[PDB]
Structures are given as structure tokens and as C-alpha cells.
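The form deposited in one PDB entry is given below as one chain in C-alpha cells.
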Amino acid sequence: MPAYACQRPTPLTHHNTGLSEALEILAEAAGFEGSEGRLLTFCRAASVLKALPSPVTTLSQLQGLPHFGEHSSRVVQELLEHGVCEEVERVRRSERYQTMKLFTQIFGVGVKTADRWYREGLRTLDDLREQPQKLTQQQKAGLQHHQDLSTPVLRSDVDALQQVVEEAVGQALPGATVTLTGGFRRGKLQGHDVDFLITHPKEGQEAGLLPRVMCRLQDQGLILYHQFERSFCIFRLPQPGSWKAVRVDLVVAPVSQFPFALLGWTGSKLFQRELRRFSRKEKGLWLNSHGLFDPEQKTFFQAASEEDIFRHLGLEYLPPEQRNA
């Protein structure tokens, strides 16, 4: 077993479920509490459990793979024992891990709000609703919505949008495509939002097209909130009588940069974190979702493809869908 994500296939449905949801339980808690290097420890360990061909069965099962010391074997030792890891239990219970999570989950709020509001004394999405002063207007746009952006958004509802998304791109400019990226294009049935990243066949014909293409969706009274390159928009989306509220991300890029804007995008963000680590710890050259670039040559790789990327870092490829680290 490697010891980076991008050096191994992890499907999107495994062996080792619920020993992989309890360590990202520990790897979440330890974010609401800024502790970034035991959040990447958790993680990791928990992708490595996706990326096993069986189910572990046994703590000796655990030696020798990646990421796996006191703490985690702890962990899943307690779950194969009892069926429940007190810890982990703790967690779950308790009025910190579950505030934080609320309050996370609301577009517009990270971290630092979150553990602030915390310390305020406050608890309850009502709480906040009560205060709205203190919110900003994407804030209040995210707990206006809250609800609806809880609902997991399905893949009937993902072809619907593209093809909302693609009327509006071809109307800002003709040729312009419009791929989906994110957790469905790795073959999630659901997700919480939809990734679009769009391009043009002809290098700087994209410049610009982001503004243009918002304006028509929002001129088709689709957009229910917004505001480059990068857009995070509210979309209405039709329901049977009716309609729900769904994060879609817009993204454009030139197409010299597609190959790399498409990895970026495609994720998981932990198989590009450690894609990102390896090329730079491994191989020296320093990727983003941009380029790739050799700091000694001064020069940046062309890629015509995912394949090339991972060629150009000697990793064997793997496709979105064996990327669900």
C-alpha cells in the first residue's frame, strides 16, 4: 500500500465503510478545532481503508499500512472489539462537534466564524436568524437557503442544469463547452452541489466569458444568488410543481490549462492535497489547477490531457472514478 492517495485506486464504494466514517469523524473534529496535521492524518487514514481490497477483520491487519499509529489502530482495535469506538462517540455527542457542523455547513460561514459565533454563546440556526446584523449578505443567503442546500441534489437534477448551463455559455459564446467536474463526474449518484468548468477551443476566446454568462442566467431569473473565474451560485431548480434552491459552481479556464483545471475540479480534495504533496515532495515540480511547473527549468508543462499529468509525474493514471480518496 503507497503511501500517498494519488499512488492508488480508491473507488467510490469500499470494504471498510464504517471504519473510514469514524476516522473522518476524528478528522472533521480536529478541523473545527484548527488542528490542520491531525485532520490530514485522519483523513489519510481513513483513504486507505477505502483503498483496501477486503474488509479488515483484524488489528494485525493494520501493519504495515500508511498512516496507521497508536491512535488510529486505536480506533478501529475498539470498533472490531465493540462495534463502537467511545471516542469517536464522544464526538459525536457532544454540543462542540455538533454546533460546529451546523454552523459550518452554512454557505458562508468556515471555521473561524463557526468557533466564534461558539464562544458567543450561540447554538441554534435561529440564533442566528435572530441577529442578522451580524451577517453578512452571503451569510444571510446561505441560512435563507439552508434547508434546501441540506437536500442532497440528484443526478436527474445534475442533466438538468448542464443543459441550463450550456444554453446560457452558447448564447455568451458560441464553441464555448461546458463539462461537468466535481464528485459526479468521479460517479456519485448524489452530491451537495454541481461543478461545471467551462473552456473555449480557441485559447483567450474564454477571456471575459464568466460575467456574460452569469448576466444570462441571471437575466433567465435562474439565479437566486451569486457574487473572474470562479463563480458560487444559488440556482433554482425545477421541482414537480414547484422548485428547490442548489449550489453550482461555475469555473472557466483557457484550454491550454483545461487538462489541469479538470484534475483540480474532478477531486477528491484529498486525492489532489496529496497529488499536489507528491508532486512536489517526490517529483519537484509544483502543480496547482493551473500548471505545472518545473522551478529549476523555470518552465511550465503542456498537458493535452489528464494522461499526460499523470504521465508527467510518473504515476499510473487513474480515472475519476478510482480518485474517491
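Residue numbers count along the first chain shown, from 1. Under this definition, the rigid core comprises the largest set of C-alpha atoms superposing within 1.5 Å between the forms. What changes on going to the form deposited in another entry:
The only C-alpha among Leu180, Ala141, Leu102, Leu209 that moves by 2 Å or more between the two forms, given a superposition on the rigid core, is that of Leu209.
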Given for the second form:
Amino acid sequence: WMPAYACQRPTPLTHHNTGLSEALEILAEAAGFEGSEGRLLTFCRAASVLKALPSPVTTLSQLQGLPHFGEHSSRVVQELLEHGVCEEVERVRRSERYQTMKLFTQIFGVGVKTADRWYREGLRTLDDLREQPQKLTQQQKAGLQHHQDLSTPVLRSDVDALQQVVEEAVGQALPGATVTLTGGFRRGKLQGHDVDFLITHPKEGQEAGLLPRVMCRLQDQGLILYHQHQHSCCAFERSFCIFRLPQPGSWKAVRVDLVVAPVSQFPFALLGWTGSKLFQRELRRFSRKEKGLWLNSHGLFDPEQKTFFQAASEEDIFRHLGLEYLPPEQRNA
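Please supply the corresponding structure for the form deposited in another entry (the preceding block corresponds to the form deposited in one PDB entry).
Partners and other molecules omitted; one chain follows.
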């Protein structure tokens, strides 16, 4: 038996059902491209169940008793087991709609709504986008300029080099300020699409004005290709960057998100930013539906009492929600 919420079970980085989960995730992604959010979530949940299993699914009889495995997902696994291929998945892969939506949405600064609009307006290729620069934001222009590098998986070796320069800039700007690697790399991933860093200082308020100083230092070192700074609006101060990472004999553009949180909110920010995306969605749904609390990256709010939970760590937050603690490497839902 396996619990229904992804936040109630460990999901390790590596598992026994990668073929099956990949197929389901292609269908989830395609659903998202069509605005079918219910179907996306359904396929994502089924895939995440497969990732939690201790053994490969070799026969359809092994699906018995598993949550989030309705008819459609079961059929997909069945076809794969029996024929080595699922016709629906193959049709999606070969479809111009899917291929174009994948192409566009992968670009830095492009979401589903933008990609769909462009598709509807007859754009198909990266060259098509470059021929219509008036349709692009400055962020999207930068994404197109560096698209080859940005499509190349970011490696742990890149992360370690980037963490060094970010730590050096932070330390020189403000002694005592800290840099914490978050995102997929905190969960143990060997690769990723970017590097996510969370910045704070143990004295609340000492982090004010830190990020612009950090960016000035990095820019002066030639390490920044693109930088968009945004102050907290609603809602953390952040900088969406493309770094120029030096390599032996060359260099590589790499997406980096730098996020500043006040130390009082750090545990919530670390939890939120560590993911996985599905793990956090499930954690938020659990908090709301089972405990009547609203969890986000800033806090944990009781809407009846109008109170916020004071957490010193991620462990505190899990405990407060009545969940066994899962370290980041078991959040790979």
C-alpha cells in the first residue's frame, strides 16, 4: 500500500519505471499545452506513483491497488508492456502542435499562453520568432540569442562553479549573508534547466539592497549576459539571469535564478523553491484539504484564526502539518 499524496511518500531521484513515467509525462505535458489542467494533473500523479514503486512494472497485474491509476493511464502502461510502444504517445510526439509548443515553451521567458498565441498566429520555428522581434520581450530575445546553450543540460560541475562566484559576490557585498542551492540540484539531480539560489542574512532586514550589489559585482566580472531584477511586488525580490560560465577554452550561457528572502520566511522559501513542482502542489493541496491551512513560499496561514506559523526549519513545517519529514532527495515527485 502507498499513500495518495506525493508528500506522504518518499520519491527518490532514480527509480525502476522511467520508460513508463516518461510516456505518461509526455501526455501530461501535451494536456498542459491544450489548457487541460485536470488531465495534466492526473497524468503527473500517475507518473509520480510509478516513481515511488520499489520494483519495475513488468505485468499489468502490478497496477492493482495503486492510487491515481485510472483507465487512461493504465491503458498507456498496458500498451507499452504488450507492444513496446503506445500509439497515442507516438502520435503526440510526432504532432506539429506538440513539437512547436515544446519548442516555444522551452525558450527563456515563454509560457504556455504565449507559445499557444504564437502557434495560433502561424509561427513554428525559432527563425520565425527572430523574423518578428516586435512580438518578443527583452527576456525572450535573450532566450533566443542563447537558445543552444540554454537547451544544453546544466551539469553539477556548472552548478559548483556558479555557486562559487555567487558566494564570492554575496560574501564581498555583505559578510554573513548566505547562499543556499535550491531547485532540482538540492534534490540530488545530476542535471537541470537552470540553477536556483536562495539568499538571506540572519539579521532580518540586513538583506535589503543586497541583490543589486551582488549583481553589480557579477556584472563587473563579465559573468552576466542578461539580468532582470524585480523588487518584491505582491513576491520575493529576485533576479532572472543568464550567466556566461567560463569553460576550458570556451563558455556556456546558463540560466540562474537568484531569490532573496528575509530570514523569517527562509524555511518556507527553501521548501517552496526546492520542489519538485508536483511535490509542492501536493503539499499545498494536503495542507489546505486535510489541515485547513494555506501553504505558500512565504508562510503557513490559518485562514479561520488569521494566524501565521513561525517555522525555524523545513522540519518544523512538516511537523506542523502532521507529515513525516522527507529530505530534499525524497521530494522527486
